[PDB]
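S.K.: Take a look at the letters that make up each chain.
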Amino acid sequence: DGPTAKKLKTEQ
Amino acid sequence: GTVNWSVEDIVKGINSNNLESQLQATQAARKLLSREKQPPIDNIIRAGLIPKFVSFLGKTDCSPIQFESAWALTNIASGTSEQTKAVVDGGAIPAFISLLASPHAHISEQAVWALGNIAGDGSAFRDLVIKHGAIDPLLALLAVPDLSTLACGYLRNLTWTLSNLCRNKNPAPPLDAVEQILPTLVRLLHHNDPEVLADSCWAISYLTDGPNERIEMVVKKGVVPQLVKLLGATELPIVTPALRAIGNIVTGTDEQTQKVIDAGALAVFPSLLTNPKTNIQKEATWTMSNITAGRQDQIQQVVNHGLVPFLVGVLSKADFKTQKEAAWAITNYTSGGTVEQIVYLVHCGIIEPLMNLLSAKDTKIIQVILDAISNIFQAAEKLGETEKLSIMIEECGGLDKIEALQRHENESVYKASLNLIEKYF
Numbered sequence: 560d561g562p563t564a565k566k567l568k569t570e571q
Numbered sequence: 072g073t074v075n076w077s078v079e080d081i082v083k084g085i086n087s088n089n090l091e092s093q094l095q096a097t098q099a100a101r102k103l104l105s106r107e108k109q110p111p112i113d114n115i116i117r118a119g120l121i122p123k124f125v126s127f128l129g130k131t132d133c134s135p136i137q138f139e140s141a142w143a144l145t146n147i148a149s150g151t152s153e154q155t156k157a158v159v160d161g162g163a164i165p166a167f168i169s170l171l172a173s174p175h176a177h178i179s180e181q182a183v184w185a186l187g188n189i190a191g192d193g194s195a196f197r198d199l200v201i202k203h204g205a206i207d208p209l210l211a212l213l214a215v216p217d218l219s220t221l222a223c224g225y226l227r228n229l230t231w232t233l234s235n236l237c238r239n240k241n242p243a244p245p246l247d248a249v250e251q252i253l254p255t256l257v258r259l260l261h262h263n264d265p266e267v268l269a270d271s272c273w274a275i276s277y278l279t280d281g282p283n284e285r286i287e288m289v290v291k292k293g294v295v296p297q298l299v300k301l302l303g304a305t306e307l308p309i310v311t312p313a314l315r316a317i318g319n320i321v322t323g324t325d326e327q328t329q330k331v332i333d334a335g336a337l338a339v340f341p342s343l344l345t346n347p348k349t350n351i352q353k354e355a356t357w358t359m360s361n362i363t364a365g366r367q368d369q370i371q372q373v374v375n376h377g378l379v380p381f382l383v384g385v386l387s388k389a390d391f392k393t394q395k396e397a398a399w400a401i402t403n404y405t406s407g408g409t410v411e412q413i414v415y416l417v418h419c420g421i422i423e424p425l426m427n428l429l430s431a432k433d434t435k436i437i438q439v440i441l442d443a444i445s446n447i448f449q450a451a452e453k454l455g456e457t458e459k460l461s462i463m464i465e466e467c468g469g470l471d472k473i474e475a476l477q478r479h480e481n482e483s484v485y486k487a488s489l490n491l492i493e494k495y496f
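Chains as they are written, first to last, in the entry's author numbering: chain B, 560 to 571; chain A, 72 to 496.
For reference, chain A alone in the conformation it holds in the complex:
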């Protein structure tokens, strides 16, 4: 009946003076817009359909056209910014927020989905959705004693939409919207659905990707243990954002970092640091680097958890981007650690993999490494072990790489490189 219509038939039905004909054509439009396989979103836009779909959002009397049009508009809003912008420009936001109160769960879910596509576009539409008042009615949909009584696809959708209200950064969402949403987010984080968890962690990750005050808002909700637990999850879609969130938290203050340590995060890193997914390994190493940038007692926890050998292993063999985070983790460790922690690091075998990485055609990793070497030499000075270390660096072929790095055409490379050769070799 409504499969494979032309856009001009859809226009003809929508322009009829007949609510059923409009309904049928809207459903035809929706079935068209559901075939991706490149849905004809621009064709529908160019036909001038959007304002009509938006008006059908308000046909309370005709729940099915509300739904078809919601779905059509959802799918348009899923497109490019310009496509989402067409939907918004039609007045869809307030109309979708009204549909959130719909007694039809499939329609309010559709309105949720649409608003998630709109908010998903970026800061401006996110904040516009927020200004139109989406958050109360969104949150009210979750104001049930037990999230388990909600339909799964429904909950997943809310979670997803709410995560897009948490997302994007220039600017970050309004502080008061973040505060309004956080309690429901904390609750979704304890929900036993892997997708709701993935998206809750993503929302939390977006909220912690910011200045310390933003990190703090989240850390204060007491989420860090739950994040740490999610970090141990077997589902990579949960581990990925739990780790992003944890990682973001440790770029915060040493006190925020300590919350992650106290939550037991470091016990998961043997796994994460050897994780077969290179993204997790990279991000775990990055996370590591912002913990080794912390206090000596925090470096100590890294040591105590057995993590230095795992840093050495990542430094020895990892995807290059992970090796570069490991290099960072080591510089930070060496710049901030006690002499005994730094000696420890050397006893674990840091030197040969650090030296092997001086062979990398990447100028920032060389500077990070040379800088770690200097830090290590500085610790060796405090002990009169500069000779024992110089030999070590020389035996693994590290002197040859530092010597060859004076012929390097970079301001800090040849400067720190010549400084080391002249000072120790």
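Just chain B, same shape as in the assembly:
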């Protein structure tokens, strides 16, 4: 596991 824990928002 696994897919990302955290996500940066780059776009609206």
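These are computed hints drawn from the structure, not numbers from a lab.
Do not rely on the hints blindly, as some may be mistaken.
With a straight-line cut-off of 25 Å between C-alpha atoms, the simulated DSS-like cross-links for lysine-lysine are [unchecked claim]:
id, chain 1, residue 1, chain 2, residue 2
1, A, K108, B, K568
2, A, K292, A, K240
3, B, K568, A, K130
4, A, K486, A, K435
5, A, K130, A, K83
6, B, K566, A, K102
7, B, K566, A, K494
8, A, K102, A, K130
9, B, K566, A, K108
10, A, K202, A, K156
11, A, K130, A, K202
12, A, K392, A, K432
13, A, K388, A, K435
14, A, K432, A, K459
15, A, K156, A, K292
16, B, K566, A, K202
17, B, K568, A, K102
18, A, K435, A, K494
19, A, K459, A, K486
20, A, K156, B, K568
21, A, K392, A, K459
22, A, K348, A, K432
23, A, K156, A, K130
24, A, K156, A, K102
25, A, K453, A, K486
26, A, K494, A, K459
27, A, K240, B, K566
To be clear about the criterion: a stretch of chain A counts as covered by chain B if any three or more of its residues have a C-beta under 8 Å from a C-beta of chain B, and this derived list gives those stretches [what the hints assert, rightly or not]:
id, stretch
28, 137-150
29, 182-192
30, 261-274
We put the CB at the ideal spot given by N, CA and C, even for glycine.
With chain B's structure known, arrange chain A on it following the hints.
M.R.: Only chain A this time, still in chain B's reference frame:
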């Protein structure tokens, strides 16, 4: 207007006594924090911006600064633990949970995203998010007759956040949070969006990665057939977590394992076991190993589904890590199978690939193999076929590898190895 500001301009605007100036500088901060390409998260933190952004979360009167600051704080929380910790330390959690009730869908989605980054940090922030009451308002966002009416990126985000509330293990999420979330998770699992599916399966995989009681909570929701269906999906991002979940379920009790068998999982394994993605092949073989660790009637299902040749094929040629799971699957099969199942296994050609793997510079696979060999010899004893098997092992060069394994400097290797040579060769 708000492209390429310096941090000190941002500070200057945020510190102005002017809500619009603050708004503009927050948006500048957000546009900075959106350029990764290494966003200046530490610069923003070091500027003391976080408490100001957090206070702008509460500016109901100014929806856009709520949003910009939510977004900025989201992106800070996306960083290292220390960066997420800065956001949390600012009081962002309750402020983000308040924004979940926002009438602006883009703002409540932002608050969802932020809370997912925070929960995504690990158990402690996950559980802190849960203590602050995130789950009701998160779940309430999905309390619609039909998930299809929700914006896709929106649903995907909720699903993702909720999966991070399901995630991590020391400790696992609170049992009551898991129970509260599971019904919505079961529903997202039937949703027709590949990303919502991927993340639902991941959430389910996290929930089944635990003790049997945890596996049971999920198995009881009746999800196993849907997991099995997802396992057949063409999207690798769905297959990967459906299989992790299925795999986790079969490390449970034989009764939980049987649910996966009854759901028709074994019919997918010819594919999975030959899957071109080596991760799927490894995990399918691992899953196989925890089904062959089951009851003889479960081993029988493995046999009946035609899966033993697929185990032989994985044992013959796979990435090493998959071959090692296959070795496990075979030991478990041989330790638990009837004599007839074990004979069957040999008729499928287990011996030569098993012997070829004694050449591996990996001490646990040798012990797993020797142990499978012993189990097979033990079945051959029950039939007086120890000679016929000894010859087989000798013809494929297996005796040479067992003989050379007394010169091996490991307590159980030379012991089981000498035991076999002395006993049969």
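S.K.: For each hint, tell me whether it holds in the structure or not.
M.R.: We went through each hint and held it up to the structure:
1. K108/A to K568/B: Distance ~12 Å between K108/A and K568/B Cα, so the pair holds.
2. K292/A to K240/A: holds, 21 Å
3. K568/B to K130/A: holds, 21 Å
4. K486/A to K435/A: holds, 14 Å
5. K130/A to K83/A: holds, 19 Å
6. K566/B to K102/A: holds, 15 Å
7. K566/B to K494/A: Outside the cut-off at roughly 59 Å; violated.
8. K102/A to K130/A: This hinted pair holds, its Cα atoms lying about 20 Å apart.
9. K566/B to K108/A: Between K566/B and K108/A the Cα gap is close to 14 Å, so the pair holds against 25 Å.
10. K202/A to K156/A: holds, 16 Å
11. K130/A to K202/A: The given pair, whose Cα atoms are some 24 Å apart, holds under the 25 Å limit.
12. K392/A to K432/A: Holds: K392/A and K432/A sit about 12 Å apart, inside 25 Å.
13. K388/A to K435/A: holds, 18 Å
14. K432/A to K459/A: violated, 28 Å
15. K156/A to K292/A: The hint is violated at about 35 Å.
16. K566/B to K202/A: It holds: about 22 Å lies between the C-alpha atoms, which stays within 25 Å.
17. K568/B to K102/A: Judged against 25 Å, a Cα distance of about 10 Å means the pair holds.
18. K435/A to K494/A: holds, 22 Å
19. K459/A to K486/A: holds, 23 Å
20. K156/A to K568/B: The given pair, whose Cα atoms are some 18 Å apart, holds under the 25 Å limit.
21. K392/A to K459/A: violated, 31 Å
22. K348/A to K432/A: holds, 24 Å
23. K156/A to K130/A: Measuring from Cα to Cα gives roughly 23 Å; hence the hint holds.
24. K156/A to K102/A: holds, 21 Å
25. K453/A to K486/A: Given pair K453/A, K486/A holds - Cα atoms ~23 Å apart, limit 25 Å.
26. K494/A to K459/A: holds, 14 Å
27. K240/A to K566/B: holds, 20 Å
28. 137-150: Satisfied; 6 residues make the cut.
29. 182-192: With 5 residues closer than 8 Å to chain B, the stretch 182-192 of chain A meets the three-residue bar; holds.
30. 261-274: holds (count 3)
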